[PDB]
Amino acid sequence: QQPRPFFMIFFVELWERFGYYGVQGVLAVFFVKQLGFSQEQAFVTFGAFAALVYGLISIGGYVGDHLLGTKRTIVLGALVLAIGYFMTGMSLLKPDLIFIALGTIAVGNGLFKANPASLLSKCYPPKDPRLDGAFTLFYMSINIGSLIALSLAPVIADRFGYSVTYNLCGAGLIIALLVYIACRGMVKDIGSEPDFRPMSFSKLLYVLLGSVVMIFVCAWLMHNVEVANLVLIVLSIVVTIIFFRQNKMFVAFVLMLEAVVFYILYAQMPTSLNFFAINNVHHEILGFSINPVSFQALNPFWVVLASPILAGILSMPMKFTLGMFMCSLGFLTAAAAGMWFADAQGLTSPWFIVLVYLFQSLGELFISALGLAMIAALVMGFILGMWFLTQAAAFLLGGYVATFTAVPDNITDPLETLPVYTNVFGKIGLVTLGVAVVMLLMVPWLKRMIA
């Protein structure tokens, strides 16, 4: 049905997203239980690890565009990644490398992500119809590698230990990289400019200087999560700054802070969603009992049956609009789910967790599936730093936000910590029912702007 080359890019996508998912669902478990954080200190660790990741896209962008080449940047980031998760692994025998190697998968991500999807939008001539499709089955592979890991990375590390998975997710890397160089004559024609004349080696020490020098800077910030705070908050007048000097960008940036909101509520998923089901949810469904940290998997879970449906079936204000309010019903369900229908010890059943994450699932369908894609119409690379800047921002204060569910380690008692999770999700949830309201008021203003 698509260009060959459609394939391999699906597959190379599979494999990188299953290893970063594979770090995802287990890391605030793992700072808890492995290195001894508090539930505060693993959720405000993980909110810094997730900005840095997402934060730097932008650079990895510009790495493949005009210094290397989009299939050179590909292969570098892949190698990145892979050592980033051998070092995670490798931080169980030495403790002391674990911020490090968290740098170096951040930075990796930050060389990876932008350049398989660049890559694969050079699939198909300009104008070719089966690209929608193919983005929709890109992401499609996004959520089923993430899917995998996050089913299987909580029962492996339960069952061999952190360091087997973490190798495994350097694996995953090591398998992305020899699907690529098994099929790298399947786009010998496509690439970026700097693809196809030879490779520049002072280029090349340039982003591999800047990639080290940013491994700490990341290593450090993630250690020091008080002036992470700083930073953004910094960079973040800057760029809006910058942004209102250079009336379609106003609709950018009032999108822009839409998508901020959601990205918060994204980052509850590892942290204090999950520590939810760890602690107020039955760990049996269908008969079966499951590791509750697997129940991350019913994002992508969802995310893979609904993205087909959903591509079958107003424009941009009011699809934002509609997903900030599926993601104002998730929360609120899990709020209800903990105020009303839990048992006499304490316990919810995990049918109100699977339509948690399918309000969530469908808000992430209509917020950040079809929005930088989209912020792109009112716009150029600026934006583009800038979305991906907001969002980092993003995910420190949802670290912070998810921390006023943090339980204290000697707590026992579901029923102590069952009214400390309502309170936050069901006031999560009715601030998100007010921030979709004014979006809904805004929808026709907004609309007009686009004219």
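Positions refer to the first chain, counted from 1. Whichever C-alpha set is largest while still superposing within 1.5 Å between the two forms counts as the rigid core. First, how it differs from the form deposited in another entry.
The comparison between these two forms, aligned on the rigid core, picks out a single residue among 67, 57, 386, 29 whose CA moves by 2 Å or more, and that residue is 386. Core-superposed comparison between these two forms: the Cα of residue 182 travels less than 2 Å. Relative to the superposed rigid core, residue 239 undergoes a CA displacement of at least 2 Å between these two forms.
Let me have the form deposited in another entry next, following on from the form deposited in one PDB entry.
The text that comes after this line covers the one chain and nothing more.
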């Protein structure tokens, strides 16, 4: 149905996302159990990691477009990522390595995320009708990799240890690299302009030097979240000022604050919702026992099923509003399950968490994808920078929000943790409901401004 390089790009993306989510699904538990972090330290450190992973995505589009070429940058990114996964596996011999290894992953993701999608775009003549379907399948590729990793990585870490989990992440990247190199011939006339000139070693050295500096800066920021906080606070207020001095952009500003709220909520899946499943949900569904950390896999699961349906099935600001109402309902459902539908021993049915994750995934399907197009349709490089800075800040804020559910290591009674989770989830749901309402009220004015 699709050009041949589509299938190469599909499987490279699948395996790269498997490596990434193999780490993401186990990271907070690894912090708590393996490094002895409290739940609060683990949550804010996960927030810092996610902020860097997300904010550095801006680098890879530039490196691929203007310095080395898309295809060269896919190769370099995959190599830096694989190195990061194996360094993470090595951190079990050398615990002092952990932050460097995570910084290496962040920088590696930063170099690689934007480039396969770019490549896929060049596999189709410019107004080909199959583009929409191909990109919907690209998203599904991402979520099949994430579904596999979030399902199996906690199980693998329980049975064989973290070194094996992380080395398998590395192996997934290696086979992504092998599939690319084996298929290089399919994309010989596909690329950005630098792909077709010989490689400039000056620019490659600049890219490697900048990568290493960034690996060290990331390691430091993740080790000292108290300076990540002020760096992003002052940087954010300043870039807010520099946005305000310099009327279709105000739509981007209010939509950026709404995207920030969305990312604060998305950030709860590997942290507070993860530990909620651990502490206050039954670890059995349809008669099968599971690792509760695998419950994170319900997000890609619901995307995999729902992205085709919703492709088959207002316009921009209303889609954002709908996504925000869906997310609000996910957290109000979490709160409700804890308030009224729990056991005498403090445990709730996992069908409630299946529903929480359905609501949250529908929110994802309405907001995240739809917003990039809105960004691409209302607007340049500066707004990309401000966007990435603020959404990284959103992930830091999300780690901080998650700390309100943090449980001390000596607590063992589910009836003590249940009300903490329900208070925080209920208040998140109520605030997000308010945010969704103001979004609705502005939907008409917003929809006028897009004209």
